[PDB]
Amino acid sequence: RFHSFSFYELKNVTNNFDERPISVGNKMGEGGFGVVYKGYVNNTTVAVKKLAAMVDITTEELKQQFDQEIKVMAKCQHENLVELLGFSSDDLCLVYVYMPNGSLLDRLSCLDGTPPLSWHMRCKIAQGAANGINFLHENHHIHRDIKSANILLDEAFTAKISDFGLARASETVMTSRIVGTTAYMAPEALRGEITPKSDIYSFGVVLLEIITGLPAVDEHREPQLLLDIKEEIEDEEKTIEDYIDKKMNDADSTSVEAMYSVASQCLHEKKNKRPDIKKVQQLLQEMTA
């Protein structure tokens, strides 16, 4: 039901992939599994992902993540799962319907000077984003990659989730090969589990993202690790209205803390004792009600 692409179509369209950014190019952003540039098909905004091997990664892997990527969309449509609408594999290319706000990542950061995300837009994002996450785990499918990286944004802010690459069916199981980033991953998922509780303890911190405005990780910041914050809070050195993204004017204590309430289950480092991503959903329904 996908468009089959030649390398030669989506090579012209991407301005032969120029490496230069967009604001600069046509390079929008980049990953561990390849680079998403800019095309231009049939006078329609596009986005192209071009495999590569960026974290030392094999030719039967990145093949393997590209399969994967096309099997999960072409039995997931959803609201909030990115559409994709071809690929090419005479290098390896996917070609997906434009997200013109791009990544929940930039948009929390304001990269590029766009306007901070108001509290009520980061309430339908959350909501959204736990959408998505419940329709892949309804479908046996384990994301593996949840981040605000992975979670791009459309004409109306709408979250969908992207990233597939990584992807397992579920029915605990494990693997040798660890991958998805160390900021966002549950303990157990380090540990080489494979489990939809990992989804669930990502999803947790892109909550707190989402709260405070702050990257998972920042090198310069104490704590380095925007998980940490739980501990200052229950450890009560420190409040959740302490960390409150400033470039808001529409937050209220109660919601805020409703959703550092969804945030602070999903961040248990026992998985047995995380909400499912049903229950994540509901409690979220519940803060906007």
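Between two forms, the rigid core is the largest collection of C-alphas that superpose within 1.5 Å. Residue numbers count along the first chain shown, from 1. Compared with the form deposited in another entry:
Once the core is superposed between the two forms, every option in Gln64, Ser261, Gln224, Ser253 stays below 2 Å in C-alpha shift except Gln64. For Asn272, a C-alpha deviation below 2 angstroms is recorded between the two forms after rigid-core alignment.
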Second form
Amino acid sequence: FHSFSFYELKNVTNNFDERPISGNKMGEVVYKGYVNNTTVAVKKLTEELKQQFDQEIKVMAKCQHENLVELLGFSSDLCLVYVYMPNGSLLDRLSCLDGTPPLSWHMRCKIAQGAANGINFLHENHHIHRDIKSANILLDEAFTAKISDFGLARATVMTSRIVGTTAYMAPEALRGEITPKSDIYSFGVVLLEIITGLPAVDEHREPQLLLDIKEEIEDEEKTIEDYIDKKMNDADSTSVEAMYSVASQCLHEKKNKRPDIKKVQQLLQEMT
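Switching conditions: you have the form deposited in one PDB entry, so give me the form deposited in another entry.
Since only the chain itself is given, any partners or molecules it might have are not part of what comes next.
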């Protein structure tokens, strides 16, 4: 990793312009930078902010995969410079934010496969992400899935400080348990977002939580066909049902009854 001086980063981000690009700010603070013709994502870092900065460098140094975001450098006032992802997050693309076209079913299968390949690398290298969600699955120029945000990542165990996203968390994760099986539950929610194009949580929706549709389908009140994203023209029944089967297995309420990331990876390969 390159050690950037604060002035190199202040300059490339137009004095850290906090106005949206349509300025330099792309979201929350993350700015668009230009270092040596190359575009970069500069994250400028209620006192655990300094604590997150150390954990991210540590995990990034050890974890380098094609389905994980690459950290280019850091600065020390604290900054983290990453490889720029032109197609934003899976969340933004599924919601078609800023008039972007809907992702095809074909593209969606490749993202599911890619994201699972990234989680497989993490679990093979004994890392638990703890915050697997579509906002943390970024997309490059070819729509290759890239797992991001390793601030909460950890190397049978219980914690006093429960962290993650409530709408994506496993029952045991909410109880304080730290296990890679919790990451499998979170990926099941992400697969449901890919299938439906719906957010994991919507306060003006029945059900409010997307994971609750599994029970609606199992209690034969509704079908998966009723929930399939209508913003697609290539979603064949066979592969959508096959992805919902993986999502359903992932969302098993009992950790030991869920498949490992290798089986998830295997089932997604079989789907195509």
